[PDB]
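Heads up, the chain below is alone and in the form solved without acylated ceftazidime; it's given as C-alpha cells.
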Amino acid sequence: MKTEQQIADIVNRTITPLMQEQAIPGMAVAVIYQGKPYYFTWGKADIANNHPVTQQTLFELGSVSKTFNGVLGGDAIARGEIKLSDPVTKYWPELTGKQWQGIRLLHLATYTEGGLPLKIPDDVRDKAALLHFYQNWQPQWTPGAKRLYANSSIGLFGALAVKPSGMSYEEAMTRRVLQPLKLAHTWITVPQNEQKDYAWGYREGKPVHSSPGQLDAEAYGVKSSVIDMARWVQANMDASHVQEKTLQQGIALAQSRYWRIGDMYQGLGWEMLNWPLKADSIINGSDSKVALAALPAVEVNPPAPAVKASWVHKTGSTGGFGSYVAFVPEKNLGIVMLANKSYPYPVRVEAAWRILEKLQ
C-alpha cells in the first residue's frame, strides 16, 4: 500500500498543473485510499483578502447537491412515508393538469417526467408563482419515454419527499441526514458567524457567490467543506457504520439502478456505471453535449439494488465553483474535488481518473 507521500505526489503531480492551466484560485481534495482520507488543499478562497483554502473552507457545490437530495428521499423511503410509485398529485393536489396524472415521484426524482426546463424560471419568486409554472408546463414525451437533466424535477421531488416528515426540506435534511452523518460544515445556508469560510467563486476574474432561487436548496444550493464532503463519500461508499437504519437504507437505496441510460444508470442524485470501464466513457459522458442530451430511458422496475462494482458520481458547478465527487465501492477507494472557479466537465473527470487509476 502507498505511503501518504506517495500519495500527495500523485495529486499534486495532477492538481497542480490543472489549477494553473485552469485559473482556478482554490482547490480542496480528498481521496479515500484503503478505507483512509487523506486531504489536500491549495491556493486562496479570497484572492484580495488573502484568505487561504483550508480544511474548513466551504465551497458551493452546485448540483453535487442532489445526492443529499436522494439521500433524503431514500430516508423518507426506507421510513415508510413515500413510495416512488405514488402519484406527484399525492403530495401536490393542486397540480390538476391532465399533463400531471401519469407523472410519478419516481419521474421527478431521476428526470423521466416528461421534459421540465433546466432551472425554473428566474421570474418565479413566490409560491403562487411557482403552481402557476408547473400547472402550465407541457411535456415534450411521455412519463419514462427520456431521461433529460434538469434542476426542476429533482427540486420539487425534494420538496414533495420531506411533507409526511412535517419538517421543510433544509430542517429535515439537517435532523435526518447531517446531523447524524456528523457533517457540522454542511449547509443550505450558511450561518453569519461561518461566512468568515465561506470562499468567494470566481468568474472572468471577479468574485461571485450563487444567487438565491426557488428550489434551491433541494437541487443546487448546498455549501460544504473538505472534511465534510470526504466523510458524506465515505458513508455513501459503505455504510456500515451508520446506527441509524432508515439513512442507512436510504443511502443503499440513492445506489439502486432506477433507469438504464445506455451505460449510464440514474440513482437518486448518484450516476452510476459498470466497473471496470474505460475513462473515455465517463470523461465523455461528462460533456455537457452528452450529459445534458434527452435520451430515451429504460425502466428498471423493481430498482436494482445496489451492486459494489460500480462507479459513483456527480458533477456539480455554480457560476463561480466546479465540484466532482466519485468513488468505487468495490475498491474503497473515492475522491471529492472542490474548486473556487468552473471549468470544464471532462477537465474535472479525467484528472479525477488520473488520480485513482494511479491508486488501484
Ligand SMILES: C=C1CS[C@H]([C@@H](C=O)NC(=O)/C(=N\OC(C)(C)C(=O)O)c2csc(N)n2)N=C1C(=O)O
Contents of the next structure:
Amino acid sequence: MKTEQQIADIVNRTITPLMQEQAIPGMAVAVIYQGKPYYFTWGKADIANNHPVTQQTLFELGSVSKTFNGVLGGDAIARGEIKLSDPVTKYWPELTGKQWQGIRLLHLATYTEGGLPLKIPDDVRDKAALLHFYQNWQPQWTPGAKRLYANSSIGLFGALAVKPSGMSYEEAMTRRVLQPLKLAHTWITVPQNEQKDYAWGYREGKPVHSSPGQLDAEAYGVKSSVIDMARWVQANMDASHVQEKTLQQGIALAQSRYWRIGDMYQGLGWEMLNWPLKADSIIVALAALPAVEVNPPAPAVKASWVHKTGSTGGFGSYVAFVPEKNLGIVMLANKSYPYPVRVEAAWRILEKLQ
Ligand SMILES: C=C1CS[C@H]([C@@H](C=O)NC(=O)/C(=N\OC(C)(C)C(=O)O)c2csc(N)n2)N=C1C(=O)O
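Next up, the form deposited with acylated ceftazidime bound. The previous block was the form solved without acylated ceftazidime.
Next comes the full complex, and the chain you just saw is listed first.
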C-alpha cells in the first residue's frame, strides 16, 4: 500500500528524466490510486513569459477529445435518440452518394466506414466544402471490413449524433457531459478569462496553438486541466455514483467492445486491451487492419487497460486506466513526443502501484 510520498517518488522518478530526454517544457500528471486523484506538475506552460504549469493549466487534449465524443454518443444511445445500427443518411440526407448506403453510425464511430482520410483537408472550410468532401469520397473497403483510424469518421459521428437533441456539439457536450460531471475547466473554445491558463505548445522550440478546423471539437479540439482530466478518468473508470442514468450508461457503452483488431478492442473513443498485459503489447496503430465485429457489443470488463492517446502540433496527451484496480493515469505535456514513450512511462508508473 503506497503513501502519497511513495506515489510522488514513483511518478517523479519516471517523469523527471522523461522531460529532460524529450525536452518537454511542461507536464501535468494525475494518478488515480484507490480511486483518489494525486496531482503533479513540473515546468513551464509558457517558456518566454516564464509561466509555470499549475493544476489549472489548460492543455490541448488532441485526439483524447474522441473519448468525450464517445461518451456523448453513448449518452445519446442511452437516451434513445440514435442507434448505432441507424444509417448515416438518416441524420444527413444530403449524402445521397451510393457509396454511403450501408454505412451506419457504428462505422463512423469506430473507424470502420471503409477508409475516410485521416484529416479533413485544409481546403474544406464550410458546410458546402464539407458535404462535397464526403459526397465525393470513394470508399476503399466495404463497411466493417477494416479499421482505419481517422479524425474525419468519428468527427462526423459526433456531429450527427447530436442532431436529434437539436443542440450543437459544443452545447450538447457542455449540457450533457461536462456540466453534470463538474468539468468546469474543459473547453472547446477557451474563454477570454481563461486564456492566461492556456499553455503554449512547443514544436521545434517555438510556441504554437492548434488552429480551428472543420469538425475539430469532435475529433481533436478539447482543452482541459489536469484536475478535470483526473475527474474524467475517475468517472469513466467508475460511474457508479454518476447521478444521470443516461450519462452513466453512456460511459458504460463507450467501454463496450464493438470490434476486435488483434489484441485491441474498439470502444466509442476509448480503446481497450486485456489486463494484465505486457508493456510491449501496448508499445501498427496508423495501419488499416481487418476488423472483427463484436455484435452485440460485449459489455465492459474490469480486467482491461482502457486508454487513448492524442496529439496536436504542440501537445502530447495520454490517458489510461485499469478498472479492476481503481487505477489510472493522466499525462499532459505541451510538447508532442513519441507514443511508445508515453505508453512506457504510463506503464512504468502504474506497474509500481499494484
Ligand atoms: C497519428 C495520429 C493520427 S491523427 C490523430 C489526431 C489526434 O490526436 N491528431 C491530429 O488531428 C493532429 N495531429 O496529428 C499528428 C500528430 C499526426 C500531426 O499531424 O501533428 C492535430 C490536430 S490539430 C494539430 N495542430 N495537430 N492522432 C494521431 C496520434 O497517434 O498522435
